[PDB]
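Novice: Spelled out, the chains give:
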Amino acid sequence: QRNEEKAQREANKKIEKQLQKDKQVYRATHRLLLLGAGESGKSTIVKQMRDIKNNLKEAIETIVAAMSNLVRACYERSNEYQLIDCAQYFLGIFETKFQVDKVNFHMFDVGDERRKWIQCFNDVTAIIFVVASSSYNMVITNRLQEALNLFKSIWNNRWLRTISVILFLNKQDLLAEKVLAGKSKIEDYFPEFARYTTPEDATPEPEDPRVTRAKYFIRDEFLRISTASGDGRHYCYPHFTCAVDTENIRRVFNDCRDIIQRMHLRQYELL
Amino acid sequence: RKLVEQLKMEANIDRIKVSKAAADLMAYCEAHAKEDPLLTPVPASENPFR
Amino acid sequence: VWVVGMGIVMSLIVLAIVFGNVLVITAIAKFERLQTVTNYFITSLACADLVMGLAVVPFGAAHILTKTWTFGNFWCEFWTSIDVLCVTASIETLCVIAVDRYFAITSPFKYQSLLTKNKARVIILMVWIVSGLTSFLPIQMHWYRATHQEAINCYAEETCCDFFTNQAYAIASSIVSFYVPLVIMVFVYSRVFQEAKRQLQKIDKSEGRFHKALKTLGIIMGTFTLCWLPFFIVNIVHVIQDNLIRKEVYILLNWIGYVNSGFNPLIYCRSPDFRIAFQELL
Amino acid sequence: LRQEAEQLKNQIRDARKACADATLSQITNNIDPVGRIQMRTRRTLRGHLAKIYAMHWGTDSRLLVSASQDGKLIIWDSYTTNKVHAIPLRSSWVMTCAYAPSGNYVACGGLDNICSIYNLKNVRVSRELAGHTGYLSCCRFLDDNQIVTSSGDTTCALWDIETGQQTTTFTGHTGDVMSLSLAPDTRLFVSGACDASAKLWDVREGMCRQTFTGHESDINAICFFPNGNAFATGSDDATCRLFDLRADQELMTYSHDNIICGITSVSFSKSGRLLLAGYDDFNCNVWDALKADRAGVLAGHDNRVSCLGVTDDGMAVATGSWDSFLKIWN
Ligand SMILES: CN[C@@H]1CCc2c(ccc(O)c2O)[C@H]1O
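Protein chains in written order, with the deposited numbering: chain A, 12 to 61, 94 to 113, 159 to 179, 206 to 225, 229 to 257, 263 to 328, 330 to 394; chain G, 13 to 62; chain R, 31 to 240, 269 to 340; chain B, 7 to 127, 132 to 340.
Be a bit skeptical, because a hint or two may be false.
[Claimed, not checked] SDA-like cross-link-like pairs, simulated, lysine to any residue; straight-line CA separation at most 25 Å: (1) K15(B) <-> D247(B); (2) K227(R) <-> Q142(R); (3) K14(G) <-> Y85(B); (4) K17(A) <-> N59(G); (5) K301(B) <-> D291(B); (6) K60(R) <-> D322(B).
Hints are computed from structural coordinates only; laboratory data are not their basis.
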């Protein structure tokens, strides 16, 4: 039947035109994955990059239940405890689409231990790994050590052999507060800090020397895993973002631009 | 807990020796080998893809 | 017994150019994993190199060795047109590849939207059309023919086909073929080197305490410049001053420019994917 | 406490060892080898944007459906290299797709926990099955209204499309379920989890009848022998194993010292003589089910393969790799 063939050809042509438009749209927009420990304040960066009262009260109930499991008199004792809980100061994949100037971006927010879905993400330009820099003292192996192990697992992946990592360190104010207080010193949990010293080249913000030493020690510990592996198609860009920093979006834009530039420069045998 | 009960339930299952199962599977494979376009190439004229 | 060695060398050069261009073209065409917007430009360069090596190199060798153009007067004009077209297409395709690299590095986000398969096809069609306009048109309708008493008899004669052109065409055609691509590619590679140096400085500043670009850019620019620039400066000079330039120097420089075409594939197809394709093919 | 379970497991292992009398290779060593097999790419299906994660042949052995990370679920007519329907997807990520034996419905679910089916007879969703936790791995159609889906929470579930709720739930896997296969009689189905354990379930009863844990790495593929009494599992480890249901233990192991990559899909032939298994090394291998000897290597894919499929008529086998291009291999 010639009519059936003609109809099938017309449908094929229409679908091909729609597919070409969709391919142009897909190539226009980049993709980023946001991986976090859950207690690393990944939501703060998500808000920074881009019923309610009952939910906030519900979170207080979880803290209240955790405090009892571990009221005003006992409230002070609960804060000193080290356990998985929400913030005490106040009391399902997600897709975020944002457009930096004249460019299209799209964020991936995954909602465990096996992480067998990591191989699915291979076309993303970068992985926005978010880790709390003030989580060294809290223990479950310390949470910071667990985050470092997860970063090592992601970095040394056969499937993710050409995906870079954008690294964020929230709770900088919290890190400074814990370092300056002196309780739970870095040397107590990280023996290398006693031998560690401030790097000769550094740009610290007008901050106490101890805070700078701690922050740079954490940054170097994270960067050692990245530098140990083979060079090329892998680069980590540490950042020291605060709890409230509106410049994070420009930082990730610059990091993605550098990722594309360095991929193209490693290609053509230039870099 | 319930794993013990699950294993106890799964234990009471009749078993067929490997020789009989292998012989039956080989007999099936030999019997149905004729109608296997992958095993025996099909004629080009009768091949739908060519 | 001295011409035979030159003939053997010319035959070897022609065979090498043909084999390299054919291998590059068949590697680009056969495997779909190698098809890319820039790889279309590489394919155009390889096709131009193949046409040049299969058309002008053996005929040029026959002209040089026998010192007599056996074929007719009309066919020699066609051969000269083919030569000019091939050279212009090759040089302008090198310029286009450099521009593609500049737009891929300097403007990364806009590079994907700027270049597409249709855009690459349009660019290749435009560059081949401009090469044809520069080569075939001024030759077939005899604008390039000289006006002085010299070589007018050569035009009339059938055996003689030595190149003799006006002071005008020898400058404009030379500019269009080489000088504009030279300036464009120099600016491109300066910008690319600056970007690479900036990136290396950033790597040193960030991941410190734990010259490839210069070498590769040197290879890419130096091969082209050393193999073509002297020929085109001689092209300008002999028209400006006919006393200095002899025929042998002209032919030698032109053939160095020719063998640049055979040198090109081994410097523009060094990617590991191309090596894997070559290994699989043979 | 756990001592009773350990004793039961030891007794099960002893019973399985006692049942084994002669190995499969010991009996099949006298059969003629299948011989060298050369398969050419009958057709190539291009134009698909991103890496394919799964595909499923039609019950008519002609049409097929493929899905990628681009969010496009495009239905292909394999005979004429023509795409009939292109279905945009609400969720960008798709880990599996299914084609109903009736052919009227096409299932498509992925990293989003919600599974959705489409009514082909434009295209629109019928009932987005959302009563699930975790991502999906593979889905199949028992009928036009009952669909069984895998899980990322180690809970294979059965669905009633009209009701929209889980009719029954299957539990017992330590790790996430990565693939499953259905029987010709649709009475029972098996599922290979990430805990290196393959379990056979009874659809009516809702409890695992047996459990096979001979592997060492995560199991990524499972399919039935055409007989229905034997299923072969392809694990992340290079070994591909063939199990039995009446013998209740492993029968054969397919492995070579040259291959060290993983396996992403396993599918039998029409007669079951050839076990076609994909690999992460950009190539698909063809094994002999009985003699356990490789009988050819299929290639032509730039990236790793992810899915396989053999038509009900057995005319040809299809492969969809990460290179965003399917291939039909008669
Ligand atoms: C006889 N050989 C020709 C003469 C002039 C000429 C060549 C190449 C490119 C040009 O733009 C030219 O003007 C040479 O190949």
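Novice: For each hint, tell me whether it holds in the structure or not.
Specialist: Hints versus structure:
1. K15(B) <-> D247(B): Cα-Cα ~24 Å, so holds.
2. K227(R) <-> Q142(R): Holds, at roughly 23 Å.
3. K14(G) <-> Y85(B): It is violated: about 51 Å lies between the C-alpha atoms, which goes past 25 Å.
4. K17(A) <-> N59(G): holds, 24 Å
5. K301(B) <-> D291(B): Holds. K301(B) to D291(B) sits at ~23 Å (cutoff 25 Å).
6. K60(R) <-> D322(B): violated, 33 Å
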